[PDB]
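Student: Here are the chains, one letter per residue:
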Amino acid sequence: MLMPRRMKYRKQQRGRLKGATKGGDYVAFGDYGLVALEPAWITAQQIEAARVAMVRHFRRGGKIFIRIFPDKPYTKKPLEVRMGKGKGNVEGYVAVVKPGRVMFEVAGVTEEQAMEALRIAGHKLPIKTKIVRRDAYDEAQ
Amino acid sequence: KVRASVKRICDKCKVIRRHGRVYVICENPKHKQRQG
Amino acid sequence: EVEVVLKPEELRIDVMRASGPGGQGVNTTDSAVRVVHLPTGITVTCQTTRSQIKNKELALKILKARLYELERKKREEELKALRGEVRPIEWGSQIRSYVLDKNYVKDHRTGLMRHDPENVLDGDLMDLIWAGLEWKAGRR
Amino acid sequence: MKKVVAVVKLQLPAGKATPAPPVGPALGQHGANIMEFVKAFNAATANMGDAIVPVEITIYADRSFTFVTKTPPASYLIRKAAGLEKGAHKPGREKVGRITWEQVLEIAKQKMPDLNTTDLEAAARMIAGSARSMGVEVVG
Amino acid sequence: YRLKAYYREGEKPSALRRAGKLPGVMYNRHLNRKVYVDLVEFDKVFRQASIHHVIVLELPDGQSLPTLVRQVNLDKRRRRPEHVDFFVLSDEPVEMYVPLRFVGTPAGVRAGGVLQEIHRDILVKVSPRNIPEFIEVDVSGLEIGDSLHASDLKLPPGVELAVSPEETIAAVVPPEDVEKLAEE
RNA sequence: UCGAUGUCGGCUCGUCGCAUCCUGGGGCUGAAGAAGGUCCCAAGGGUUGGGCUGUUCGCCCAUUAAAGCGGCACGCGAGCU
RNA sequence: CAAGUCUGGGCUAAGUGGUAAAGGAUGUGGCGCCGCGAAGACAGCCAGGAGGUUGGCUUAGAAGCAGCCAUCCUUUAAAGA
Ligand SMILES: [Mg+2]
Ligand SMILES: [Mg+2]
Ligand SMILES: [Mg+2]
Ligand SMILES: [Mg+2]
Ligand SMILES: [Mg+2]
Ligand SMILES: [Mg+2]
Ligand SMILES: [Mg+2]
Ligand SMILES: [Mg+2]
Ligand SMILES: [Mg+2]
Ligand SMILES: [Mg+2]
Ligand SMILES: [Mg+2]
Ligand SMILES: [Mg+2]
Ligand SMILES: [Mg+2]
Ligand SMILES: [Mg+2]
Ligand SMILES: [Mg+2]
Ligand SMILES: [Mg+2]
Ligand SMILES: [Mg+2]
Ligand SMILES: [Zn+2]
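Protein chains in written order, with the authors' numbering: chain BQ, 1 to 141; chain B9, 2 to 37; chain AY, 217 to 356; chain BK, 1 to 140; chain BZ, 3 to 186.
If you're looking for bench data, these hints aren't it; they were derived computationally from the structure.
Watch out, some of these pointers could steer you wrong.
What the hints assert, rightly or not - Straight-line distance between alpha carbons at most 25 Å, and here's what the computed DSS-like set of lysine-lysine pairs gives: (1) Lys124 (chain BQ) to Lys13 (chain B9); (2) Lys130 (chain BQ) to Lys46 (chain BZ); (3) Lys270 (chain AY) to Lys87 (chain BQ).
Please model the entire structure based on the sequences and the hints provided.
Tutor: Encoded structure:
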């Protein structure tokens with residue numbers, strides 16, 4: 001799928017989502033990027049679906065950069081079970097995304113293909129997106 | 002025909018807006034749409 | 217391969233009221249469930265437990281079974297006519313007759329009668345198959 | 001290319017042509033015959049040599065036609081200079097052929113007519129494009 | 003290029019930035035002042051420009067100064083700048099990542115491949131009078147797999163960089179083949 | 001609500017919703033016609049009799065224009081069973 | 001239903017106000033910088049609307065028009081593998 005090979009701990013506390021991405025806000029790799037506008041937990045099955053959606057779109061073409069990674073475990077109790085008796089079992093992993101985060105990047109692809117590409121990938125994401133270019137996104141120094 | 006996301010299919014498709022509703026007129030029928 | 221993914225795309229799952237004992241709830245809960253397979257006509261039921269969700273999956277855990285058996289019963293009849301029919305082994309049904317006595321081979325299918333039997337038993341078969349790939353694929 | 005409302009443009013074989021395989025009947029759907037374009041046709045192909053003869057047709061609905069012969073397609077004439085038979089399943093930078101500088105002016109003595117330009121160099125740079133079509137290299 | 007600049011008295015940061023003026027500070031190895039330079043021209047210029055080409059800064063003193071931007075902090079949510087750092091100059095030798103053009107066609111573009119110009123704006127140590135432009139590199143030799151890098155390039159006389167030279171400047175990698183799927 | 005709010009199914013009596021099974025209107029159709037498919041508008045009124053099982057539900061017989069799905073304390077025991 | 005059908009400036013035409021999301025839309029009103037406007041198409045209206053070549057390959061066929069690949073050049077007023 002797209003989980004981590006090993007982890008010191010298998011289940012971990014839920015947490016929260018205070019706006020601002022902290023990091024990952026500029027392009028820095030490809031030419032066009034997809035930036036998250038709402039905060040959320042993106043399941044690896046979505047990251048995946050979106051990715052495949054792009055390669056599928058411009059089959060045999062440019063390069064894709066997945067800027068996020070699902071390292072946070074998702075717990076879910078069984079069905080018809082009551083509360084308590086311990087924490088649920090891990091059902092998958094998710095990457096936490098905050099507003100401003102550049103989730104994906106593309107390169108070696110026409111500006112038409114780039115747009116269309118990311119527009120399809122955002123239709124697989126639980127949130128709202130924005131497509132970007134490159135310019136001040138040059139924190140080289 | 003009747004959907005929530007109505008768009009222009011072919012080049013000849015036109016987006017009319019009559020009686021409060023968003024429609025799509027076009028040469029060939031199969032392309033007709035009424036948002037709803 | 218070995219696969220059979222019966223997607224819950226052709227199943228009709230019902231949930232009637234429990235039957236038998238129970239209590240103030242056997243009359244109230246839709247425990248009993250019934251999964252139906254339409255392209256076959258097979259139906260599996262279940263009231264073993266006291267929960268619909270533990271019964272529709274446990275009732276599916278069977279339809280998977282019976283099917284793999286009746287979906288395989290075919291692989292037994294569908295492959296038993298692809299092979300052919302000739303195989304009685306009785307006296308009077310030989311494709312080729314081998315003889316070390318007078319020493320010769322009698323291809324009964326062609327009409328040819330080689331004289332090198334001992335030679336054939338070494339793999340030399342280009343020629344009987346040369347004629348065999350004719351008599352056989354010559355009627356179709 | 002000629003006139004319309006009853007025409008067809010093909011690139012006939014060379015040497016023999018009467019049956020139906022290549023295009024023998026295709027010209028008959030739009031109006032044609034078997035005794036008008038077979039022997040009373042190869043008068044030109046017997047002259048053009050062999051290989052391909054981009055000669056076409058024009059129907060009138062009475063067994064008449066304007067058999068305006070043409071010069072081998074720049075697609076074929078290039079396989080002679082380089083050598084290859086096809087060209088390439090896919091052109092680009094790799095191709096099973098080669099064509100030096102004046103190699104393209106070898107055809108300069110061939111294609112001079114209907115290209116558009118009478119000269120050899122203002123009409124050869126056109127075939128340098130068929131060297132980016134089939135693939136065929138351009139030694140230099 | 004050129005651009006107007008004004009002096010900031012140090013009053014209502016977040017406000018002077020809403021009114022339309024973009025905040026900032028100009029410093030160097032001597033003095034350092036606080037100023038405000040509107041988005042209008044700033045934007046327009048900064049994008050064409052960047053942090054490669056120098057700019058003028060005529061204040062109410064006229065005092066036009068040569069500078070290159072060192073720091074430009076965005077706004078995270080919804081791209082926008084909130085600040086900019088200006089490094090004044092002279093004949094004083096300093097650094098700056100110099101633009102990169104890559105005239106050529108890698109052999110990595112015939113059977114599948116695209117150029118990943120890794121460090122497409124290389125940092126080099128050098129003075130003002132020594133400020134080039136499109137510092138091109140050759141790509142006509144980049145095979146599909148294996149790819150160029152380091153400071154193995156055309157550094158015009160005076161180009162005393164600061165790489166390794168190993169710092170992978172660029173590379174060519176394969177496409178996105180439909181052929182995938184898996185599991186197990 | 002435990003100083004009590006009788007619990008499945010049936011019968012009787014209905015009434016309401018529409019996400020419509022008929023019947024009326026209608027647009028697409030890979031609509032020749034006849035017959036269908038799919039979506040749109042529309043409950044005004046209709047929406048069968050049996051075999052099996054306590055059954056609800058189902059399967060089956062014989063029909064039908066159709067044999068719609070749900071709510072009402074999975075409607076209705078100071079109405080019956 | 002006690003006290004302004006008070007004053008000045010905007011917006012909305014949905015009874016929005018007087019519930020809802022992805023996502024749709026030449027709804028409106030207002031700021032933006034780009035096209036490019038007597039080489040006066042912005043829309044109609046008049047003529048064009050080319051040649052190697054049907055590009056090669058693939059293939060029953062692939063002739064701009066399944067698809068893989070390449071996307072250079074010739075002639076003018078214009079014209080794309
Ligand atoms: Mg950093
Ligand atoms: Mg008991
Ligand atoms: Mg209950
Ligand atoms: Mg009680
Ligand atoms: Mg009481
Ligand atoms: Mg009722
Ligand atoms: Mg009809
Ligand atoms: Mg309705
Ligand atoms: Mg219940
Ligand atoms: Mg009841
Ligand atoms: Mg009673
Ligand atoms: Mg009562
Ligand atoms: Mg009053
Ligand atoms: Mg008033
Ligand atoms: Mg609304
Ligand atoms: Mg909305
Ligand atoms: Mg919206
Ligand atoms: Zn249309």
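Student: Each hint: holds or not?
Tutor: Cross-check of the supplied hints:
| no. | hint | verdict |
| --- | --- | --- |
| 1 | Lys124 (chain BQ) to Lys13 (chain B9) | 30 Å, violated |
| 2 | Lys130 (chain BQ) to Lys46 (chain BZ) | 21 Å, holds |
| 3 | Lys270 (chain AY) to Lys87 (chain BQ) | 21 Å, holds |
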